[PDB]
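Here's a solo chain for you in structure tokens, the form solved without ligand ZWD.
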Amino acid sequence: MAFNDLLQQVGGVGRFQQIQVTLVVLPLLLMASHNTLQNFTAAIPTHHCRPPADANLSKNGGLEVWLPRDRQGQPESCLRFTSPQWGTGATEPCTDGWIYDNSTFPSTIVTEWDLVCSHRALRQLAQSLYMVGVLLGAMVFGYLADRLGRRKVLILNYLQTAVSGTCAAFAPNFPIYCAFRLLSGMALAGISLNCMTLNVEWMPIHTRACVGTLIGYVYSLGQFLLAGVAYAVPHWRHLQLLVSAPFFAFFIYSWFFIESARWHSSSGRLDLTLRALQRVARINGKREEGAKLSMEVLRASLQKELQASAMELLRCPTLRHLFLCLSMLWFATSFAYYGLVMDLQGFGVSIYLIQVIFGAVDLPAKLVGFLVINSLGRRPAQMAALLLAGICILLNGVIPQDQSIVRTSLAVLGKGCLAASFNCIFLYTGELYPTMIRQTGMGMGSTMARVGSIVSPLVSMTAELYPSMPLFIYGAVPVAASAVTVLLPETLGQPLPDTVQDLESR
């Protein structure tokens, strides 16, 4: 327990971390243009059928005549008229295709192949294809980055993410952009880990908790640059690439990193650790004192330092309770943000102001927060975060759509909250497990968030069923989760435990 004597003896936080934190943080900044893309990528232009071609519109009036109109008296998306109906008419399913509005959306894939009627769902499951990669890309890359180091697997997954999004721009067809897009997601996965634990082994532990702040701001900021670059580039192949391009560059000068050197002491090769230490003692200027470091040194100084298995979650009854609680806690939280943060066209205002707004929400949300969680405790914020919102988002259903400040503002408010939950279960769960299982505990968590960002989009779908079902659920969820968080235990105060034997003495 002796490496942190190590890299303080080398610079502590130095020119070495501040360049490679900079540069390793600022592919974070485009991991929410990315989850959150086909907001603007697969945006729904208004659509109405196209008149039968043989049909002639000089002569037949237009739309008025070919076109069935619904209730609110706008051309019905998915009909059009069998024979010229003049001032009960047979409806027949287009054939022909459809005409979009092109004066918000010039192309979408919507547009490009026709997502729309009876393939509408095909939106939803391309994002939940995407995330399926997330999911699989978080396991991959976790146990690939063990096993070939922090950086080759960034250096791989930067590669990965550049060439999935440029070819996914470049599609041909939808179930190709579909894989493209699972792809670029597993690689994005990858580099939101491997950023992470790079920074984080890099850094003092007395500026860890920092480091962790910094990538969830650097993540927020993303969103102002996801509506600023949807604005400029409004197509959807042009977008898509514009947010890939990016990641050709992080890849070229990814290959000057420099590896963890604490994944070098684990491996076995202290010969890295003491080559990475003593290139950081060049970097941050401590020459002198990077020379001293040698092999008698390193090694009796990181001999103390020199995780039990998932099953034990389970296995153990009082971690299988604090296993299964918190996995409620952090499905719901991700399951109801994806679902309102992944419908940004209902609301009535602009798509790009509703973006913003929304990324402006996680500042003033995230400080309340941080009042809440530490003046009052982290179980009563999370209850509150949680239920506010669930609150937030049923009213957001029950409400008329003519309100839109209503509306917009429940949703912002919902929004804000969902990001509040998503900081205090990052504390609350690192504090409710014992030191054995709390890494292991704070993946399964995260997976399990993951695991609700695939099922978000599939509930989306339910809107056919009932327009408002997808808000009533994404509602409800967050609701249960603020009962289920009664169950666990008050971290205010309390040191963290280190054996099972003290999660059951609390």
Second form
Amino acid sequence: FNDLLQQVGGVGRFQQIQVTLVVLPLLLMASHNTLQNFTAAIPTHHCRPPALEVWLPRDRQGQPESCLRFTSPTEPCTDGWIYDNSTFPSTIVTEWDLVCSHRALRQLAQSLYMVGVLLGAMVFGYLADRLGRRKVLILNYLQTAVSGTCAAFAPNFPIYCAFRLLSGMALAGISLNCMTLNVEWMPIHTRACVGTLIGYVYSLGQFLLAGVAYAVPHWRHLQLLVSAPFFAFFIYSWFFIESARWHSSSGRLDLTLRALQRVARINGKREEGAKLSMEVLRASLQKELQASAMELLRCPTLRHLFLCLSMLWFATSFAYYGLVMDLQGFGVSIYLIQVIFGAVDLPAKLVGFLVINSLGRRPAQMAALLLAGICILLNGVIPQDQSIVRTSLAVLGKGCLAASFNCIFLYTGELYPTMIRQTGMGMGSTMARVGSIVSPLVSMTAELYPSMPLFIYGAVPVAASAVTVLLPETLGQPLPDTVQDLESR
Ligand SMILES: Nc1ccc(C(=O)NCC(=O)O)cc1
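If the one shown is the form solved without ligand ZWD, what is the structure of the form deposited with ligand ZWD bound?
First the chain shown before, then all remaining chains and molecules of the complex.
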């Protein structure tokens, strides 16, 4: 097939336009995943006195305690709280009083959000195989736009949580289908590079969230501004071209020929396409015309690899989403810390790339995960008074975790046999999403100990780094094709 696609311009007009317009939506992906840092921030709040020096007990720091009002000039504060308006004019926390006793709800919502992402990874994955990549992409654009706009207009917390879960489902569908439709339309010799570009467009997305949230501090307007471009995306995405590989797989080669002829003229190489007919299409497409995930558990050689890669994905995503969404405690302005976090990835990916090529694949994962864990533990131990040390160490941890996300992507792409390679791509990635469902929840345990969430957030990556030992080195080795090749290693 690559033959034909190449025969049809290879990369060119239809390819540059579609690639740019399918990767453009991912610029807002990172803004949606990490939105609750700016739309759900906690301003310093104090108890509203009966309708402050007399009416507010003071804590060690001298500041007014947040959740206690003197019974007489203590008692649970039931008259509401005067949230500070200095920064964050309004965040869900302020709007729906998600503080004090219910403070945990602030995390719960995000958990629910990524729950949708996990669901959006599965259901809208299966739909992608039944209705076509383009139709599912169109529905994802429409669902993201509508759900985000409605969540910006939620009248109470449960509706906001449900609509954010729908937003997560639709955005996970977007993330999967953009990559799939982009890979399936490009030649293999430029497929891997596309993935790299994907990551970069995700990374730059963080910068966007740093900027927009500065200009639009209100949470409702920020949510609407972030989720409204998806309406224009749904408006312009009716013009996409269905992936011809899916059309061939479903058995409708007529639509494959139609799409190939359409890309032909688009690319200007019509005479070639026009020559491409049903007989030639069948002749060059007969040979191409994945095993079950149960095989991953059943085969012990595959079971060991699945367990190791699941632990790596889970730990990496868990620590990453633990660090990305703790921005206020570093002591610097959260917009600046967001800009810095976005800027870590560009050199972090280069360092990971260089290490992966030079030293190896397994040592790169080991070093990245162990460094992330040690940075995390030392951030947990170093007192808050040292601001530059905590900021630098958290930044280094985030960079190491981004390098891990890539290293584990490449590692799990080259480790699995070709029969189960794509399914292993899914479940491993699925484990990552499962990690991001557990990451906020464990955060809730803070009320127990201020530093416990960081302690677990670093204990898990160290365990993953230790687990990495069992994995086999893949540098200089061809990709495997069967279980026997794995056993030979
Ligand atoms: N280069 C990156 C790609 C994806 C992610 C991520 O957050 N993935 C979770 C999911 O989208 O299910 C992070 C960095």
